[PDB]
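With one protein chain removed, the remaining protein chains of the complex are shown where they sit.
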Amino acid sequence: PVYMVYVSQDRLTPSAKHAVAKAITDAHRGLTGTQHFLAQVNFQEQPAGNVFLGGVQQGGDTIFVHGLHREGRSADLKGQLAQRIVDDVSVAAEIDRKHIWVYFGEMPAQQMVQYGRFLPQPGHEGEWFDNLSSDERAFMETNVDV
Amino acid sequence: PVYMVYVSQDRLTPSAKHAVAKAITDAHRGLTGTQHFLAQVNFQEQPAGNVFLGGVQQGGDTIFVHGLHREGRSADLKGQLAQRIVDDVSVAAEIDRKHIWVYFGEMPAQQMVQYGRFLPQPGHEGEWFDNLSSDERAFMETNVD
Partner (left out) sequence: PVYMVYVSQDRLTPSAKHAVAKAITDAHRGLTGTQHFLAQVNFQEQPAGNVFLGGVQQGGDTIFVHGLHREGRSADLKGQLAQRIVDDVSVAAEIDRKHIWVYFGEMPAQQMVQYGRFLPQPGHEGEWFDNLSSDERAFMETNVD
């Protein structure tokens, strides 16, 4: 997946960004089984005041998570995963849950590429990972934090 | 909804951003019935020259609106809403309509969270809001303009 995380500039320190990315990545690995290194978290910072709710200019405490996933998972599991992102980002970013918005979009795995390779169907990551070259396996394995 | 609005740095002042956000938000409530406070407008600014059309580097006068919606509305209504966003953003941002691009993407409401809660289906916002806790209703209600 790619989790695009929209936040205000200076809301999250480097350590807070790491914790938020860990929270999201752990949630995705834990509920889907997808290897850690296949989850990207991409922080998009803008100056505070660029977010409007109901036309009302917001401060720096809003977070929007746009998660981009492969088609193929149940609505039940997507709901658990969105809820766990809400709960765990709330803790990691020290932000009240009413400030957190999370949308998931899905596409066929056949039109998604990570590390220059087309993704497999959900749940077939082991088989796919074993038919990768040694060098590609090694590169992906460096992108794992517990 | 979340409307991601991609503009060049400095093309919209704070006042023009408020006007553009108000235009989009009024359009969305007016045509869908969704309460004002459920519409987010999220400005993403980049330096002039980061947009290319046909390979041609652009100035600061381009706008791309990526609207993210719940599934469930008609093509007719989505067309009227995209057109009204073109018309009203043209006036609010003082930009010619030919500079405006608008794409709508839809997801099941069941995978869409706002204010920490899952959204209802597109016509059920009234009863959904009523059955939120009082502190949640109060917090959403602070976001009306």
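In order of appearance the chains are A and B, and numbering begins at 1 in each one.
Operating definition for what follows: a contact is a pair of C-beta atoms (placed from the backbone, for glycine too) under 8 Å apart; a residue touches a chain by one contact, two chains touch by 3 or more.
Within the complete assembly, B:79 is the residue of B:72, B:79, B:123 or B:126 that touches the hidden chain. Checked against the full complex, the one of A:75, A:77, A:91 or A:113 touching the unshown chain is A:113.
Only one of the listed residues, B:64, B:118, B:128 or B:139, touches the absent chain: B:64.
Contact residues of chain B toward the unshown chain are 6, 44, 46-47, 49-58, 64, 66, 75, 78-79, 82-83, 86, 90, 96-106. Mapped onto chain A, the interface with the missing chain covers residues 2, 4, 14, 17-18, 21-22, 25-26, 35-45, 68, 105, 107-108, 110-116, 118, 136, 139, 142-146.
The rule we apply is simple: only the chains that are shown with their structure count from here on.
Chain A and chain B have centres, each the mean of its CA atoms, that are 22 Å apart.
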